[PDB]
Amino acid sequence: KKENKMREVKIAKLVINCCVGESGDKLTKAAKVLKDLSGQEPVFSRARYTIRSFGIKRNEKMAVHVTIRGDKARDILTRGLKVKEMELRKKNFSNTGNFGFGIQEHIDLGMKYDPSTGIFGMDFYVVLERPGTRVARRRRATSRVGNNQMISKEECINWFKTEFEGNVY
Amino acid sequence: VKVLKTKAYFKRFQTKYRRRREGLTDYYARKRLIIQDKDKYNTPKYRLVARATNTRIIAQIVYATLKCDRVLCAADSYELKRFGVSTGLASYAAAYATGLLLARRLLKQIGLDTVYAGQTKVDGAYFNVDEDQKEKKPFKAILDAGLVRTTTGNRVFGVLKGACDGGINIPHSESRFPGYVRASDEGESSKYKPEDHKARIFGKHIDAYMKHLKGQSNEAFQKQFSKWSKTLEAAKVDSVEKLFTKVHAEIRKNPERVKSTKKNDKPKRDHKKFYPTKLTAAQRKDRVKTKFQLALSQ
Amino acid sequence: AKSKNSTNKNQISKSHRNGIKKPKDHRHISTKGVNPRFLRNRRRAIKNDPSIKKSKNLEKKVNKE
Amino acid sequence: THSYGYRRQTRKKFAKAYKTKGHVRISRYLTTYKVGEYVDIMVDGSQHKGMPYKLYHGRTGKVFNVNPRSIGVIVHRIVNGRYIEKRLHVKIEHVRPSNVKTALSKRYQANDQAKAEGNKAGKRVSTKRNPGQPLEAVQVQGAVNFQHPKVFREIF
RNA sequence: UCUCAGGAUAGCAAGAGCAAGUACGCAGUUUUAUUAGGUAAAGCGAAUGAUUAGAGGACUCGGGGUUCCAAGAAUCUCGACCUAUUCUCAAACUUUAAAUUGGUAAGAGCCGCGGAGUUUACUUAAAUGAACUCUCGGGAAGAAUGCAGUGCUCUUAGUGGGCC
RNA sequence: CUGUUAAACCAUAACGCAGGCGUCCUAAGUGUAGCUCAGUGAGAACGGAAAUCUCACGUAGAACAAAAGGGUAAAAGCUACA
RNA sequence: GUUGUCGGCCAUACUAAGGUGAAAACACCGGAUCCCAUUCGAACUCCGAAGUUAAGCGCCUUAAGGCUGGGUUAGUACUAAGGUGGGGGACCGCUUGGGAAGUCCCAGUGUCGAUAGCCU
Ligand SMILES: [Mg+2]
Ligand SMILES: [Mg+2]
Ligand SMILES: [Mg+2]
Ligand SMILES: [Mg+2]
Ligand SMILES: [Mg+2]
Ligand SMILES: [Mg+2]
Ligand SMILES: [Mg+2]
Ligand SMILES: [Mg+2]
Ligand SMILES: [Mg+2]
Ligand SMILES: [Mg+2]
Ligand SMILES: [Mg+2]
Ligand SMILES: [Mg+2]
Ligand SMILES: [Mg+2]
Ligand SMILES: [Mg+2]
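Residue numbers (UniProt numbering), protein chains in the order written: chain A, 4 to 172; chain B, 4 to 301; chain C, 2 to 66; chain D, 2 to 157.
Simulated from the structure, these hints should not be mistaken for lab results. We put the beta carbon where it would ideally sit given N, CA and C, even for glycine. Possibly wrong hints are sitting among the right ones.
[Stated by the list, open to error] Listed below are the simulated BS3-like cross-link pairs for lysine-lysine, each with C-alpha atoms no more than 25 Å apart in a straight line: (1) B:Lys201 to B:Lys245; (2) D:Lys55 to B:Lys70; (3) B:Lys14 to D:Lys13; (4) D:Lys87 to C:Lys22; (5) B:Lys48 to D:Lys35; (6) C:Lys33 to B:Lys43; (7) B:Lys269 to B:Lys288; (8) C:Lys25 to D:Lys102; (9) D:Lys20 to C:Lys23; (10) D:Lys50 to C:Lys33; (11) B:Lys124 to B:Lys201; (12) B:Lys84 to B:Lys276; (13) B:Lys14 to D:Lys22; (14) C:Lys33 to D:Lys87; (15) C:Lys65 to C:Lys55; (16) B:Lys10 to B:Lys111; (17) B:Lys14 to D:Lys50; (18) D:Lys35 to B:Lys43; (19) D:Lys22 to B:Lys10; (20) B:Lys276 to A:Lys5.
[As the list claims (entries may be wrong)] Per label pair, the in silico range of CB-to-CB distance: (21) A:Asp78 to D:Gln48: 53 to 63 Å; (22) A:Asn7 to B:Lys230: 16 to 26 Å; (23) C:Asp26 to D:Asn146: 56 to 66 Å; (24) D:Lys35 to B:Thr90: 50 to 60 Å; (25) B:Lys19 to C:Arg38: 50 to 60 Å; (26) A:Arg140 to B:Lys19: 16 to 26 Å.
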């Protein structure tokens, strides 16, 4: 077996999403929380269907999500993973080679407390990609990446251990 | 897992156009472009293909024949090598140049050079020869931008300028030309600043860039410009603008096909091996017998 | 009341009785469905063509131009 | 029939042929048409404008006018025991060239050639085509396969 | 068509005529050339809709009963998911797809990117194209068979409950 | 007005089948651009059958005011703007 | 022999898991000051040149799925014309004409281009 440094395992994006199931000030609060964590502008996901138990009317503003790349999401992964004690479960790893973990108490990320800032829940999801991702994501001559280019679960766990010095159960 | 790709699925597949599954042609667009009024029965229709490469800027004049589409004139950015540019063949200026060359060539082929010069000094002002046409109308071409986005200040429009300045009629409204401004806040102005555009045609932007990179560090300037700087030195010039005015005048002056006189005879052995022929039925049979025995004795 | 609603029985034979009439092929055909652009062209290219014999006063007009 | 509308009973005639879904068919875009050519007229369902009435699908008309997006064609319809001329205007989409003349011209030119040459040699050549003709006498030397009528058997 | 026992209106019918009865014309016929069609059938280990049979299944989605000991594991029972199949079907299903049948044609008003013309918002960068004129070159007559029903005007009767 | 009866051009009856029309829309008309929907597998605090976020796969199985049939995938679908 | 660019036909081109990769191109690739662009320089846009065939892509491999063409099916089903044919009938069959489709077989698996090139 010959290996190119082309095979590098990269963090594609960290998506951090917060679902409050409400239209109101708590939303604006999670927005702020997110801006303050990312340095970017938060994205508002709507509420697609109506449910009485969840109090969600279709096309209603529901949740706040953020897409972060590079050193930002790197540094933050530092934050949350540490918040998670650098410990994950195999159930946390998908067949995409991409992993995710939950966090509550966003304060444990190192952000201050305000009445508008009351403690929030967050889903952290990490996409891992190899180098040729572009082929799939581009417009002209769009094509699907090769079998040898795509990242296996075992490979992803390996990435988490090898990089973060973490434990998996 | 329910198998969601069935035998059926395949019987039912509508195979898309070879050209569309390659992500090359936009047929909606293309049809829009090619349609001419059957009123002019057999009369040809001329489109300018601006195709950008991670290296070369290819500008062509094609028209649509049933069996095939035909190329009238082809300008490959590498011809700028012939005039002394080894690097940055994908830039705005490169587009401009290539377009100027395709222009002059077509115009020479027809015999319209004399009648049609273009604006020799470059402004950024709308330039279409169609205002001063007198005896023989300027050549008509349509811009085919292809899969590329129409973003304001796109290379394809560099080629645009190259070619209408070269003297071809290339209908354009200058709205997506670099240095065009549409204001939002108070509904202020439609601003055209030909200065920024021309500046971009010559590559002043690339120069200001060199300078920035120098300001920060030597490594910075090295990383992005290594080949570009050694190349700027080989022409013994201090700026891209002087080099591209050189390219401009040389192109304007003796633009022509450079015919490479190289004659090659028979060096094929290597890659005839890399490009295997398909196997005979007998061969597959043999394969089967082999796998069979290997299996049996195991 | 009761009636027979639609029968096409005798009508086919009736139609073949005297033959099926077909129109006459006329060298020159009417101009319906032909656009004015082309039509004006024809008008002009005829007016100016000397190899096409016009009326007398017409030729006077054509020869003056 | 209780309903009469431009598309009535158009279901399978106009549905695109199998795996024709969304075919643009650039060839029709490029076909050149002239005032005297013979056109065959065939509808496509994706292109709604300049749609002929179903009756005229698969008819052969003679071109009469040429408009920018459309060819004027000429067809005839038998009505009450008489023929009635109908001037159709078809959008380019639903039209294709008929080979009925192409065959003719090709044939003619070749034939004429033959006749001219023969005229050179004093031999009159005739281009008249004769239909299938009674078979000429023959001798046959072959292997005899003698068949006998089979007994009946039931296959269940 | 207040129209349903009626009226007009075409069609069918008679008489008087017109025209060179383009026979290279005509045809409820074939032949030949170019072409249409989704019916019959067939097909549902192919789409849509139904719809029986048994088995397997590393990997499965849940239920129940079994057992043990214990809450888990082992295991019987169900279906759902594939696995390889299988029974019988559709006018408002269909990939496939006939017979009978529909267009258009089978030359002097022919063929040939050969000529010279004509075109004042027709076409093209383009004497480019296009349409028509006068030219140049070639062209045994360009399938069988039949023609004691050639085409067209004019005026007008009866009919408009049908039946086998 | 659509699909059938209807018998592969067209045409074809019945108080024959199954349904639909006397409205609705300044956008649901028109144009440009970008995007790909239905659904399936695996994965992420509260989160539970079902809310959002991810990736892989998705011939079209979704959507297109209204009935049916046909038509549509860098669109006729979704988003934004004019 | 091989490449990019624009293609006509639109699976013999698609789907799956692999082998292979001269040259030149194409790409992956590096970077966000500038025109342009987003929640995010992922993409779109711009500027490049430290790496690399690992992706994409060419070419081939599978007693591969699919698709394409022939064979069987079968002169079977259906059908044109005739019948003072048979049968109580449903229906079947005689004379003269046309003539299919699935299981199962066997073969094939992209073709035609204009333009500029690589293989001295
Ligand atoms: Mg476009
Ligand atoms: Mg009559
Ligand atoms: Mg059809
Ligand atoms: Mg009475
Ligand atoms: Mg009367
Ligand atoms: Mg008489
Ligand atoms: Mg005769
Ligand atoms: Mg007949
Ligand atoms: Mg056919
Ligand atoms: Mg009627
Ligand atoms: Mg009703
Ligand atoms: Mg669009
Ligand atoms: Mg087959
Ligand atoms: Mg059978």
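Results of checking the hints against the structure:
1. B:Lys201 to B:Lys245: 13 Å, holds
2. D:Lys55 to B:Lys70: Roughly 31 Å between the alpha carbons, so the hint for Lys55 of chain D and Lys70 of chain B is violated.
3. B:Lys14 to D:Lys13: Distance of about 21 Å is within 25 Å: holds.
4. D:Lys87 to C:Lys22: 15 Å, holds
5. B:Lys48 to D:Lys35: 18 Å, holds
6. C:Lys33 to B:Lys43: 20 Å, holds
7. B:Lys269 to B:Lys288: 35 Å, violated
8. C:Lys25 to D:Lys102: Roughly 21 Å between the alpha carbons, so the hint for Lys25 of chain C and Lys102 of chain D holds.
9. D:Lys20 to C:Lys23: 41 Å, violated
10. D:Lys50 to C:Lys33: Cα-Cα ~21 Å, so holds.
11. B:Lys124 to B:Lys201: The given pair, whose Cα atoms are some 10 Å apart, holds under the 25 Å limit.
12. B:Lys84 to B:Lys276: 33 Å, violated
13. B:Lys14 to D:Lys22: Within the cut-off at roughly 14 Å; holds.
14. C:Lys33 to D:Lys87: 11 Å, holds
15. C:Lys65 to C:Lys55: Holds, at roughly 14 Å.
16. B:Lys10 to B:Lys111: Violated - the C-alpha atoms of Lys111 of chain B and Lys10 of chain B are around 58 Å apart, more than 25 Å.
17. B:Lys14 to D:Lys50: The given pair, whose Cα atoms are some 32 Å apart, is violated under the 25 Å limit.
18. D:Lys35 to B:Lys43: With a Cα-Cα distance of about 10 Å, the restraint between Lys35 of chain D and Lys43 of chain B holds, given a limit of 25 Å.
19. D:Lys22 to B:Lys10: 20 Å, holds
20. B:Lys276 to A:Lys5: It holds: about 23 Å lies between the C-alpha atoms, which stays within 25 Å.
21. A:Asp78 to D:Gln48: 53 to 63 Å: 57 Å, holds
22. A:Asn7 to B:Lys230: 16 to 26 Å: Given range 16 to 26 Å: holds, Cβ gap about 23 Å.
23. C:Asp26 to D:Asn146: 56 to 66 Å: 58 Å, holds
24. D:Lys35 to B:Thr90: 50 to 60 Å: 53 Å, holds
25. B:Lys19 to C:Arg38: 50 to 60 Å: Roughly 39 Å apart at Cβ, these two residues miss the hinted range, so it is violated.
26. A:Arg140 to B:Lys19: 16 to 26 Å: 20 Å, holds
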